[PDB]
Amino acid sequence: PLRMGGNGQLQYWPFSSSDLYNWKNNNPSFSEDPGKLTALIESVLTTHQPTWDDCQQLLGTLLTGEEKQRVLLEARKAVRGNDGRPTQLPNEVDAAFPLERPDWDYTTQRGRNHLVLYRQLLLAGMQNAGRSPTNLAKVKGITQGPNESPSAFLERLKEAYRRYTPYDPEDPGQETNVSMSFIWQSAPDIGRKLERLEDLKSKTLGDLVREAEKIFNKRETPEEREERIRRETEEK
Amino acid sequence: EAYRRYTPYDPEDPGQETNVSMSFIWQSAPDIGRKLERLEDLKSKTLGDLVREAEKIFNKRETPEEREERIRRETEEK
Amino acid sequence: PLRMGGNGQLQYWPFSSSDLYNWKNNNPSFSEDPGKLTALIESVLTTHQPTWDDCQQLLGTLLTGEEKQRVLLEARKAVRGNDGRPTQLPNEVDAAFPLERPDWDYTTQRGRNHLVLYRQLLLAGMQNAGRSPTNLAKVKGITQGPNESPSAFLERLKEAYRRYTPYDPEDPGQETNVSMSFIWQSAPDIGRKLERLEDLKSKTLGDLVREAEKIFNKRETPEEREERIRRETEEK
Amino acid sequence: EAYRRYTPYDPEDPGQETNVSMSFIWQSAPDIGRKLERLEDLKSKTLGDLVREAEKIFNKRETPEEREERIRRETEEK
Amino acid sequence: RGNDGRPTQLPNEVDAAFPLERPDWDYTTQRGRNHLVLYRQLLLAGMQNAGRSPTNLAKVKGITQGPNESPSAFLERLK
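Residue numbers (the authors' numbering), protein chains in the order written: chain D, 1 to 236; chain C, 159 to 236; chain B, 1 to 236; chain A, 159 to 236; chain A', 80 to 158. A prime marks a further copy of an entry chain.
The hints are simulated quantities; they were obtained by calculation from the structure and are not laboratory data.
Where hints are given, some of them may not hold.
[Unchecked claim] Straight-line Cα separation of at most 30 Å, DSS-like style, residue types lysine-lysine; simulated pairs:
#, chain 1, residue 1, chain 2, residue 2
1, A', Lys138, B, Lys201
2, D, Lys138, C, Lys193
3, B, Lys36, B, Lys24
Given these sequences and hints, build the entire structure.
See the structure below:
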């Protein structure tokens, strides 16, 4: 880690192994749920200002050999030339994201800039490495749970679009597509009512969530239902 | 036809293409849908592309006669 | 450990025993899997900038008596004379990798250079000691498991090359060699398809892994298979 | 050779190519013939093309040893 | 190749270098000899390029030393 010392100069100290192992032990593996470790590492990359060696310890400790490899190749694939476009030119790729220890000196603006870029690319690598290619079945498999709010369900549905399709669920051109999955895969009472909405074509995704909440928010409390039953007085 | 009759969305609109495409993939016959889902650069496939890819699988129907012949020539007993 | 202080001067502090014991407890023994501790120590040698005494604590804590001995003799065998060749001259060996506390002063360029070299040789020692006499049968014995991903299998295969051969599986000159083992020892369905690839000679190790993943990723779910069987409707 | 010996047609004549091609497809081994028949743009295939396509199938012979190994690893009992 | 060292599909050039019908090349003349040299060179090139034998790694893995087979004989079959 690096921090600005009291004398206006960067100061280095190695990661405590307790931090590294705590981060590992309090999160799922990268493969299980890439978002967890990616968010943790994104944070640490900022607060701990790791050097290249520090990043090797992070990756080496939190990822398996196969995960780290995926991340490193993904990071190198994220390198851009001075024209802002991808580049596979060995010298450019190596200069941005070196696989072997670089001579970056954190006391120099040159060293610092490389470190900044390295960390940015590392993050990109992790973000991209966490992609279950395309698998539409995963999107169709997101079904609202019986206690799950419509907004929570929609967020899980969008997460599946992100992970398992090439479509961005936040794109304006995807709205009807996400809307149809939302209606079809909502809890059955909700989906049947959303399907019956007047001027359904006119409903935004936000509108549909609000309409589903009205039904959900009409959950008819268990206690209430039980009370009704008791006061049923209809015998057989 | 179902989009036309039972939704306000025109399935021929350019803005509906991904929507119709997703229904097409999801509701195709299971062998076809599983293969369309696995297409490389799926995001880049038009509705016309998806139909052509599905036809390749369908057109690989593996004739009933052919299948039966294979079974006969199976020679694997139990 | 040493770090550059806020005053531009190296600053020393002893290892926290919690770090040493955490490193030990979160890894296999050196004998079980030398790569684990070797990678951890390689990292620490950089981030913690250990002195000679610090290195003795590292080794003393993470390795058994027999492992440490192997490593130390391997490190001394890695010493090079000024002509870049191996040397068994006692004075040269002792000067580079002393078995007893040296008078190295980290506040001097002389002391620092010796420390750098010492750490480099220590790493070399570990890398070579983790070199279980050459045993090609161990490499041929790495076979992809029925649930094992191609990338996970390749990492195990590379680990066997490292431990049981003198060949570095990451060398460009070893690529076809590792590729052939990868094809031959992949799961049978995968190996048969990789063998049939068009322009096979042109496939990199990375290409082969991606092609194997396409087959693996076509795993044909157990549920799916069962469903197919049920819908079989072919009786006897 | 059979065309030469037992017909008046020269199998190397450009005007005989489709004729020889059809015999080649029809009289190839059954697995090969069925696949050649299914080739896309079959009309466009020369005799040389057809031979190369048949070689791809033949060259996919699925070694006896390989087949046996598969069977052994079958683990499906009856 | 044409005189500019590049490929050519010009019938007259192709025919002149590698004729499909008997040419009038006279081996007692430097002209005839040079054409013969070129013809042979092109014939070799043709064979080299027509080659391109389909790959099949299973065939290489299938070469196993026989119980009576000497190591050098086995190595030659493997090669």
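Are the Cα positions of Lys138(A') and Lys201(B) separated by 30 Å at most? holds, 15 Å
Just to be careful, I want the Cα atoms of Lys138(D) and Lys193(C) compared with a cutoff of 30 Å; is the pair within it? This hinted pair holds, its Cα atoms lying about 14 Å apart.
For the pair supplied as a hint, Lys36(B) and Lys24(B), is the alpha-carbon distance within the 30 Å limit? holds, 10 Å
In terms of the numbered hints stated before, the structure departs from none.
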